[PDB]
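For reference, the chain that follows is the form solved without this ligand, supplied as structure tokens.
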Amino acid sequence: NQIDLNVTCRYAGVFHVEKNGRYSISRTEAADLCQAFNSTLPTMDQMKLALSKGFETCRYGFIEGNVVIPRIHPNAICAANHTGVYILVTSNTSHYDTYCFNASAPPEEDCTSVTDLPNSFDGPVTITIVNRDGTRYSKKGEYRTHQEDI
């Protein structure tokens, strides 16, 4: 009973979380997951500021209200070569990665590793935070509050 959460650098408090190496998070799970990081789904304004500080990914993820990809450099296989906060318009499907916003993080680029999941609750799952540099932090718990997400 294990969940892997791959996380990024934070940029103005905003970071990306990918669960189990594939698009697998619902919007309700996303809010709960960010809550376990003492975080919230970013607003579009928070995401735009993070973009300006150096944040980009090549993965769709929830923010408040939309599913997006922040892009700095045009790349043909990431958001159809767009730059800026690219907003997903048309999709059949409902599961993506998530973004999260932690207000207590540094104001600009923070590429230190994540070494805690401070607000998870008691539960039976081995949850492992996986950093881009491969360093890991694991703890037994749960974060999902909606049964349909479990």
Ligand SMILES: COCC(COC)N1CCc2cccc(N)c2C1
Given for the second form:
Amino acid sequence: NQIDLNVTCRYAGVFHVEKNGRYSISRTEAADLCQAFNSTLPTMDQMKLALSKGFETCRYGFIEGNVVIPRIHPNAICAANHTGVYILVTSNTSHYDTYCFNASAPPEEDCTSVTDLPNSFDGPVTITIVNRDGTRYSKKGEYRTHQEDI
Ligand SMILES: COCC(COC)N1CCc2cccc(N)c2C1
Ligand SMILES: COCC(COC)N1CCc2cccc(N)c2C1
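In place of the form solved without this ligand, output the structure of the form deposited with this ligand bound.
And the full complex, kicking off with our chain again.
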């Protein structure tokens, strides 16, 4: 009973989280996941500011209201070569990665590791935070509050 949460650097408090390295987070799970990081789903304005500080990914993820990919450099296989905050328009499916926003983070690029999931609740799951540099922090707990997400 294990979950890996791969996390990025924060940019103006905004970061990306993927669960088990595949698109697998529902919209309800995304909100609960950010809550476990003492964070919220970013607004579009928060995401735009993060992009301006150097944030980009090649992954669809929830923000408040939309599913997006922040892009700085045009890449043909990431957001169909778009730059800016690319908004997903048409999809059949409901599960993506998520973005999260931590107001207490530094204002610009913070590429230090994440070493806590401060607002997880008690539970039976071994939850591992995996940083891009491989640094890992584990704890037993839970973050999902909706039965359909488990
Ligand atoms: C009825 O559901 C109780 C849930 C959710 O708490 C609101 N938790 C409660 C805390 C907890 C601790 C260790 C193992 C498990 N399974 C659980 C289950
Ligand atoms: C936005 O990045 C999504 C992808 C990048 O694929 C190379 N995953 C790749 C696997 C991984 C492992 C640990 C932390 C992070 N951030 C990541 C990021």
